[PDB]
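Can you build the whole structure from these sequences, using the hints too?
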Amino acid sequence: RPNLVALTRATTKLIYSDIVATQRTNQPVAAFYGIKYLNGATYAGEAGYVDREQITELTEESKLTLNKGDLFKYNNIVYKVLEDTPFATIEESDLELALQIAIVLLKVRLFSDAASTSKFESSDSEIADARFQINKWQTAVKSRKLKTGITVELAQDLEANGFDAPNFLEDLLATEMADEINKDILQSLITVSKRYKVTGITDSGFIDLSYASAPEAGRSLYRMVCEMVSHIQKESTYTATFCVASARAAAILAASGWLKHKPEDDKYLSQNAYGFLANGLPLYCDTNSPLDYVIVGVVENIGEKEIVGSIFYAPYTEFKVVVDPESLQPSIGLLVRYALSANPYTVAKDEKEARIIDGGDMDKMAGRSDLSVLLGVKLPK
Amino acid sequence: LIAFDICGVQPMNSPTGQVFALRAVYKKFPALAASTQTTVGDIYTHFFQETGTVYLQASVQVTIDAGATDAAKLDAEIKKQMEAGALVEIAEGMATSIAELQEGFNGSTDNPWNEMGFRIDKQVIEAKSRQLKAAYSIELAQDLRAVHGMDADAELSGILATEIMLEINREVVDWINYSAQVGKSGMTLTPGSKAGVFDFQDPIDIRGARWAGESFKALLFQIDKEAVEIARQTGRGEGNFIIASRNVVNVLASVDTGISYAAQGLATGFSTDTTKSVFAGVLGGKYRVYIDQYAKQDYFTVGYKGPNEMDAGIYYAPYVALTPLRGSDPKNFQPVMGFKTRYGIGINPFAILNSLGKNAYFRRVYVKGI
Amino acid sequence: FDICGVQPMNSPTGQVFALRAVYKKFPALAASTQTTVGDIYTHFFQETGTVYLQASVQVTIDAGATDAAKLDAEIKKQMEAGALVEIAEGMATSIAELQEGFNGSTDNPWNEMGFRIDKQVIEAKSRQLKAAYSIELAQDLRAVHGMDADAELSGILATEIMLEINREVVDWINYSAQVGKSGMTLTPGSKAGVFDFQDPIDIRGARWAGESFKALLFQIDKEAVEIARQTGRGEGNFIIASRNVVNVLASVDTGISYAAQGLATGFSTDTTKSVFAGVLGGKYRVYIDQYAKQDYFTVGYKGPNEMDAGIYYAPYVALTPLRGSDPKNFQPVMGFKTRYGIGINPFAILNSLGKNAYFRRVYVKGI
Amino acid sequence: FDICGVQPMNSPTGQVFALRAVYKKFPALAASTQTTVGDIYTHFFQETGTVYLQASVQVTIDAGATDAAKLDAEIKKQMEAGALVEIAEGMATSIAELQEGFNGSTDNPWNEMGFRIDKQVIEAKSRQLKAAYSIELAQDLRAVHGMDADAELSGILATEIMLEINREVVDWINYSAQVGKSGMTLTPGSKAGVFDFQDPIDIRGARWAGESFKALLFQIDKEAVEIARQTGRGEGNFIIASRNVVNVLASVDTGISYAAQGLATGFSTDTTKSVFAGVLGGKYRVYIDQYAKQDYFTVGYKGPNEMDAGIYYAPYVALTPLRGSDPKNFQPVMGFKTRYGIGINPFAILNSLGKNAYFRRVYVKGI
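Residue numbers (the authors' numbering), protein chains in the order written: chain hh, 21 to 59, 69 to 347, 360 to 422; chain bp, 106 to 131, 161 to 485, 503 to 521; chain bk, 109 to 131, 161 to 485, 503 to 521; chain bl, 109 to 131, 161 to 485, 503 to 521.
I should point out that these hints are in silico values taken from the structure, not numbers from a laboratory. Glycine included, C-beta positions come from ideal geometry on N, C-alpha and C. Where hints are given, some of them may not hold.
[To be verified] Label pairs and their in silico Cβ distance ranges:
(1) hh:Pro371 - bl:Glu237: 40 to 48 angstroms
(2) hh:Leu183 - bk:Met321: 53 to 61 angstroms
(3) bp:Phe109 - bl:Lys207: 52 to 60 angstroms
(4) bp:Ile503 - bk:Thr243: 15 to 23 angstroms
(5) bp:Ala200 - bk:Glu217: 48 to 56 angstroms
(6) bk:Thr173 - bp:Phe109: 26 to 34 angstroms
(7) bl:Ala329 - bk:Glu217: 54 to 62 angstroms
(8) bk:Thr173 - bl:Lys207: 50 to 58 angstroms
(9) bk:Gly320 - bp:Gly219: 51 to 59 angstroms
(10) bp:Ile503 - hh:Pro371: 39 to 47 angstroms
(11) bp:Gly419 - bk:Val130: 40 to 48 angstroms
[Claimed, not checked] Derived pair list, reagent style DSS-like, types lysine-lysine, alpha-carbon separation capped at 30 angstroms:
(12) hh:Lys174 - bk:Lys256
(13) bk:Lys262 - bp:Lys430
(14) bp:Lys328 - bk:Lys256
(15) hh:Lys393 - bl:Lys161
(16) bk:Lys214 - bp:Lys359
(17) bl:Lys162 - bk:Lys262
(18) bk:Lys256 - hh:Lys393
(19) bk:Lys214 - hh:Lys176
[Claimed, not checked] Chain bk side only, calculated, beta carbon under 7 angstroms to chain bl, not exhaustive:
(20) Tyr131
(21) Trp247
(22) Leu266
(23) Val316
(24) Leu323
(25) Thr324
(26) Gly392
(27) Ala396
(28) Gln398
(29) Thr408
(30) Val412
In structure tokens:
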């Protein structure tokens, strides 16, 4: 449908198509695909895991029974012991930190299980299992529709404006549609994004830059946002690729030197971006939601496929415009439909659960992205 | 695929609008008594204390007990003479014989220029309309194309056209069954029957049948009786067709099966084209039979149709058919499509006031026990 | 499967379409009233209740029939006398027409083309089978008789997986089918859902198996009608039944249900035991449920339109072969997989059981 | 011969192949339960056991029926009403399918195909006959009738060895055949393995030959069904039966067996009774067991592939003449020798007696 395709081209250009992953459908439902792993380091092979089980959990009472040449693992990372009694000289009570110290002081050594070809082939050793699984799910294509191209005396007005009006009105209608769609995307993204939480929520409470807290510069938020990106790096094999925030949350609040107003409009920045941050990421802005929040997360691809995302979008065409003369009024109806969903496997142990849930059911997917986080922000209204 | 081969058509080129129909214009026996010396061939009437009266023709020249002064005694003697075959009972046959004799005897040239018993007249009918709404959606129209390469509206149209034609054919049947007289009654009633209903489990209706086969044939025979009554009242002819419920049609179809097409070509080719808009076949080589796909209960109507379009008892005179309508509903922009016709109906006058339960061209019977 | 809407789903999920349907005040018959020929009058009998009687005769109904019991007697006498006849719902048709004719008006009385027409998303449900054979067997099948060995196994195997699929389709038909010989299809003395050849009611008084077997086919026609009625699509077009039932039904209507008699004649030149045998009554294509659990038949409807089947089978990925080898014993691996998916006219699996008007299932006893 | 596989020898031992096959708590119905259409409940009646009942009608089963006797009465009433319908395994399947589909999975459910296919080694077992005739016979057959003496004896001799071999194969079939009219093919009032024409149950109420004989065919079809089920390959294709049984069957279906009318017409011109009588019901190629011991029939299956017989005849040598003279009385020697041996689907010779799924043998009484 070339006329709808032309409207598609002229309408999807108006939404934040890159803050979600984009896939497409041709079905009444969209088959979506995505990638997930539940714990990141070294090999994921059975041989690896078994050797790890067979050496030690590095408990506090056992860390000193280790000597030169021994292996140990902690938090699934295998380390070799350099010289005797590693940690003998480390008073640190938090074993994880003691380990970090031991690595630096060369008491232990990050250990690689890489080996000769012969070792592997001779023993008929096991092999790395997959880190990530590839999931598939489907959701219904959902829609919205408008009766907004009002005509009658309006036709007369449009005739007066007849030099532009035919196309102008369809483009305008498409624009308001795009606006609600963009907002719909944001609602889903907002919902799925995990609540960023550190020590009882972002330093033991949601960041608060209110008058009674820290009406500073907005620096403390910029710092927190940058940390949100760190969180993404910690939990997933990706760096943040986008950020969206309200004006009061960051689009304006961080404009104290840690936000750039699109100095350049064509390099590493979409046409729909409000700007970008000093810590990168094209920056988007919602402007609608009562939340006044910040979202940090990642969209990523393998070749042409946007397989990674918290939310996936899959439009379905064969942007329909219909002209109907109710009585005296040949108004223009506009219909747009698409699938939009979160990866349901983030709320499932396996397919038996995935098969009874819906990635489009945002009452379940709420807070379960893992490819995005949200910062609640209290502000100096 | 419109039925209507069982009606006059006489199509309109204007509503109001008219059709023609060949509307039909439409004994003092000596008593038998004690001491009566009958004479062979003579006909005597006798009122019995029980079960009314009889008309008996003498086969024997016998005196009926001159001592039978007691009506009870007289009835007994007459009964004995009847048992003897001396006196034989016929009812209308006797009335006719004496009436014809009386006319012959007192016949006169005079001026007995009677009329051919057909008035022949016409009715004015409006091109009464019927119409359907496709009531479909954009989303299916789009998905149908997108998913299977289907033509959407074109297919909806095919359904719609079929449905309006079926609904029209249905209406025709409702009119037939509105106006039809109820059969298995009167001249076609079995004394032990249930008044207008044929019950396949009832020994009377099934004529002493054994198992379903013979019970099914008994219905066939009730149909022939209905066909006769139609001829008797119409003055035009024996029922020529049957409209009946699927249950009835299957029953008839099971008997002398060559009468109907099982549509074995349809079954063989795995539902090539069900064509569920036509007549099944011809029962007994006499009645073209059609399935009422919307039968309300379970029934059969026998009807007459002469070769002349003016001899149906019911008329359909199409002026407009399948006019496609297209549109949309602006309240939500869903597409709109539909079909409209204008055809009108006619009914032999029989004087819809003079139609309900009065139409001599059709006899309807309710069926139980299938 | 050849009675299903194929709607082949070139992608799983995936859906099929179905043409799902959208889904007496006669003044009085009473003492002293006078009926008029052709009209209809309402009456409630003290026993048997409401009837509707139509006049053949213009007559005063006993003006002295004060007592309802007396009136009931008079009304019955008028029926006995041929003055009155009885029709029930058929009179409803007449009142509706009387009212509609009388009040007909152009207005906006558009009727709907009373079909919902809808779509149902389905998964391409999979199925898989292994060849499970040794190399030595394959070597000998070729070496000894010139057989194509594993290719022959592939043929058998592929046939077998397809048979299992067809089995599944039938099992779901018998799940979704409504219980037949019920409601509209009952004889008052019948046993509801089961046709028992030893029961004189079910066999309608049949004398010996010949007549009884015909009686079974008659119940089948009754089922075909109920399907026709509820779906609004017409008489059932096919029958699926157990080996016992098929043999019984194939005893009537000559060899119309085919045993592929030419194969028998030629000493099993084939057996072709995978498809519909033929056409019972000249009306219903009949297939054999080769896995029937008890003894039964199901009557169903199939239109020419793939959306008018009531059941859908959409063979995405059919008979795709697998190949491999297992070095532990260095034996061959061969097998087949499919991803077909199924579905029905929604009629709202939970909304399928005992609900689908396109099919009616009856249990058979006494064979 | 034409009802078995052949797979000829090239040497004894020697082998054949065979297509050997590999080989849920419906909720209780109780007082007050509102059944819902399509749903199925379990109900054990105090008398005559449990059935599952499917609802056709949504209905509450007498909440006051706390007395199991009362509950049975209400349930029976609802069944009479057509509200509830009894089915046994059709139901067990329906629930099993629901449970597996609904709570099913993906995983890797590779089943093996139902067929294993296997092989056997067979020696070319020998058989032979001698004419055992004298010179004086030969001299006079020529001198008196102009006959070719031993030439005729040879024709007889060859015929007898042929018949004897076919007889042996049949004996092995009857040996290995399972006994029919058993298990899955029993009439509840039946006599276990024997069809008795004088028994109204077996003959389905039949009177005289017409109906009684058709009733035997009815049992034959049931036997064909059991074969189909157990072999996994399809209904029986042929019948071996005694002369009495064959004549009984021949009397029905009009043209199934040939009377060889030309033979009778011409006064026994050429009997040729070494072939199949014809095809029973158009379904089973039928042949007379000329050596039947009691009175009986065996129904058997044969596919187009020689390995799909259940029994295999593998000729190596046939009609090798034997010739000579015996000096003790100097009488001529004539004879024939053959070598073949047979195979039998393994079914696991001791694994054949009464175990062969391709055949069902029934003893017949009352003819």
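List in ascending order the numbers of the hints, as given earlier, that are violated by the structure.
1, 5, 13, 14, 19, 20, 21, 25 and 30
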